[PDB]
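Novice: What follows is the residue order along each chain.
There are 2 protein chains.
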Amino acid sequence: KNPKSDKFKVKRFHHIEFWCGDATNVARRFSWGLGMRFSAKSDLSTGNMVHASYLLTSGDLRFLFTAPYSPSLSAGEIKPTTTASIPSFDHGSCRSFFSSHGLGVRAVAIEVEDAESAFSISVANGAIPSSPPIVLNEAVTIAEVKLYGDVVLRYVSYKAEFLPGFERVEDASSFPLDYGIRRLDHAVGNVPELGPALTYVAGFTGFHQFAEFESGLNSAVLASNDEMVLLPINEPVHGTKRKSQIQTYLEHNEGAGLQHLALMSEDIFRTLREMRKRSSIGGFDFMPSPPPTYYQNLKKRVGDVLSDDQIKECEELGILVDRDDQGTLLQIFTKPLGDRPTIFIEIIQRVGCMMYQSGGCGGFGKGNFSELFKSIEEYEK
Amino acid sequence: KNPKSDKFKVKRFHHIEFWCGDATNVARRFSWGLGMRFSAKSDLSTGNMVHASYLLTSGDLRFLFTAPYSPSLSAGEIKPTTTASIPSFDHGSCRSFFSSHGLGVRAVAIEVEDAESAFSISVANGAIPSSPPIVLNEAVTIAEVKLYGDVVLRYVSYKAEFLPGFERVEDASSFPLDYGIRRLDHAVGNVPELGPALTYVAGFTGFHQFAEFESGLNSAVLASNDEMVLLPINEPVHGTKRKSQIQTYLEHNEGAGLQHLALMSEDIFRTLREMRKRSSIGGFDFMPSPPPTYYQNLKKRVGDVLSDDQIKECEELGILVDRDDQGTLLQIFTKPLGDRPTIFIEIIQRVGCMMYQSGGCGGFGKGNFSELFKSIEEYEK
Ligand SMILES: Cc1nn(C)c(O)c1C(=O)c1ccc2c(c1C)c(=O)n(-c1cncc(Cl)c1)c(=O)n2C
Ligand SMILES: Cc1nn(C)c(O)c1C(=O)c1ccc2c(c1C)c(=O)n(-c1cncc(Cl)c1)c(=O)n2C
Ligand SMILES: [Co+2]
Ligand SMILES: [Co+2]
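Respectively, the protein sequence lines represent chains A and A'. A prime marks a further copy of an entry chain.
Heads up: the first sequence runs through residues 35 to 194, 201 to 253, 262 to 403, 411 to 436, numbered per the authors' numbering.
Heads up: the second sequence runs through residues 35 to 194, 201 to 253, 262 to 403, 411 to 436, numbered per the authors' numbering.
What the hints contain is simulated information worked out from the structure, not anything from laboratory work.
Treat the hints with caution; some may be incorrect.
One copy or two, either will do: identical chains are not told apart, so a pair holds if it fits within one copy or between any two.
[As the list claims (entries may be wrong)] SDA-like cross-link-like pairs, simulated, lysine to any residue; straight-line CA separation at most 20 Å: (1) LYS325 to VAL209; (2) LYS325 to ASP218; (3) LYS383 to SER79; (4) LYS291 to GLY81; (5) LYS180 to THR288; (6) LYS383 to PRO338; (7) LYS383 to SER213; (8) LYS383 to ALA212; (9) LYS348 to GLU201.
Sequences and hints are given; from them, build the entire structure.
Specialist: The structure is reproduced here in structure tokens:
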């Protein structure tokens, strides 16, 4: 059931902004590790005396990495005279965020028809304002409201390349890496209590609950009208034998925040070969692989969608497979992206639900919990 | 002239510690960019609830990258009960350093015979104490005194692998990269006034002035008895046509600090080929190459030490060459390692002064200033 109750017109995920202490090093690590090209910059070389911001792209996926310069460089400026290319940036806010959470997502940015209207309607409907609508070079409007913890939902709209004040990077310094990643599929937040977070966010967006089908979580997925913008939220399940990873997140993150980014690949086998090649030479590590009994059981579960060659190719790369009533999902998870056991990345590919492909096709892999438990028992035997 | 006036017994450079906000990402970038292997860790997985520290090694070169966890993880501990593997670490100090300077060197660590005696003698002779001598697992003693700005000189001594509490890393996650870098040759600080910084540091160490032969600096090199520990210091030359890069450093760094690390390569041609291969895929960028007139002039300057093939091979990689009265120096400089125009790395190789090779052989390349100026004029013509 899809009531299509969006309170304003939402298009797609536009970008994800990380707040760091040094944007250069994080960005270069991510670029090599995920096969994303350097495509735009806003920094000292472009006249920005406030923050350094570097954009990585792969397909439609846009990762923005931002860090503050010394406030002394811009002590003379006022908001009307600022050289910051992202007007919502605040030195104090950024340093506070990073010292409290470490490396993490500050903004989930969705493109809308009218950022000003989206902000006004949102705030009219309970959204806590974070940064008012600002019009950039009469071309782009940006606005921000609080999402959960210190994460904001950022509205972007275009009258008619990233943002004004960003320069395209010299493609001597722009190597065309690409491991097949194409777009952001979903972005997941961890909160201490799911109910009030859902009510708040659904309240100001009109996003509806996406239909789902002893893991440590309860969760729910908010979706836009066409279900291309997907914003799941988890809370911990306490009192279990094994400690909830959601709770472990909240402890090490100092509260609520974004837990994982799921990036869609057009060829998850090529992506995972390319990423695993680089795990120990600057890239990303992956979750420990499941026991081969897991692979000795998915011919009986998806043997009509994957050949015996492809299911074995899943066993090399450590891919998990799950199935809705309408589609199939291939997925794998990185180890945490930074020092703390907080944010991580998920690579996914969806098979089915062709009309274009409809969003959420195959679900989000919650079935792999009991399947991995089951498999672990059978591998012990 | 070498008076050999060391007030205590100094052996060699032991390690360089960077203070960052996320040690994982900086360390992985450096590892890939410089060809350094991951060799030890101290973090949550080893019981350290205070800081994450990751050691990279290449030959004798040791880079340590450290970042703070949330203070909440160790709120119950006291210094006697600490799980920190580096007892001098302080959450507040580290966050303050990084927000003030950004990514940068916190400690220049030299190995001594007796860290306790070196600290006592140093403080007796004017050194500002930073962290008293602490004995680690009855095996290693560490002590710290202020060097300049927020940089400390760290004394390490061993009774008889990095430090207690560090674990060797699983060499599944330890890929044996190596681009030829072998040891730290010198470590250079920028200060607003050279005189008082020299007097202070020479005052408590007994290090002597290393004999040297419109650049924006005045400098001087302090050296230990065998001149293997080399600690140059610069100050800006003001009032010039072109603004002093030392002054630009002090502005963007918020004061004094370490300016560059010079790393010795056993094959600077292989190192520079390997590093330049990776510049645009996660590694380090290099200074813009000098005009070919520079290369059309060094046959007349070092044509007796480098063949015509090797001097052309210098022209590909952008290597600079300078000459003392006793040796020859090959050198090149990276662009700054992080967001700010502050710290950078120098790769060098020295040719001559064989007895082992004596330190400082060939100098530090100050002659390349007027040679580059001259060359630039001749290339205009
Ligand atoms: C759930 C969920 N709901 N929504 C809306 C999503 O997008 C998701 C997921 O992506 C998803 C799906 C299956 C997973 C995991 C995740 C994050 C996961 O994290 N782990 C896990 C790995 N290592 C240590 C621990 Cl404690 C747990 C698993 O085993 N499975 C099977
Ligand atoms: C000097 C010095 N003294 N001691 C003790 C040392 O170790 C050094 C050096 O290493 C050294 C030697 C030659 C250099 C440079 C450096 C750091 C340098 O930085 N630059 C430069 C590059 N790009 C922009 C600007 Cl403004 C300046 C140059 O041109 N030359 C020729
Ligand atoms: Co997911
Ligand atoms: Co030097």
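Novice: If a hint holds in the structure, say so; if it does not, say that too.
Specialist: Hints, one by one, checked against the model:
1. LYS325 to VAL209: The answer is between: 19 Å across copies meets 20 Å, while 27 Å in one copy does not.
2. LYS325 to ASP218: Result: close both inside a copy and across copies, 14 Å intra and 17 Å inter.
3. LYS383 to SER79: Between copies only: 13 Å across, 34 Å inside.
4. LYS291 to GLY81: Between. Shortest inter-copy distance 18 Å satisfies the 20 Å Cα cut-off; intra-copy 48 Å does not.
5. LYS180 to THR288: neither (31 Å within a copy, 50 Å between copies)
6. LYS383 to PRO338: within (14 Å within a copy, 43 Å between copies)
7. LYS383 to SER213: The answer is between: 13 Å across copies meets 20 Å, while 29 Å in one copy does not.
8. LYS383 to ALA212: Intra 32 Å, inter 15 Å, cutoff 20 Å: inter-copy only.
9. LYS348 to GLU201: Neither way: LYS348 and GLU201 sit 48 Å apart in one copy and 50 Å across, limit 20 Å.
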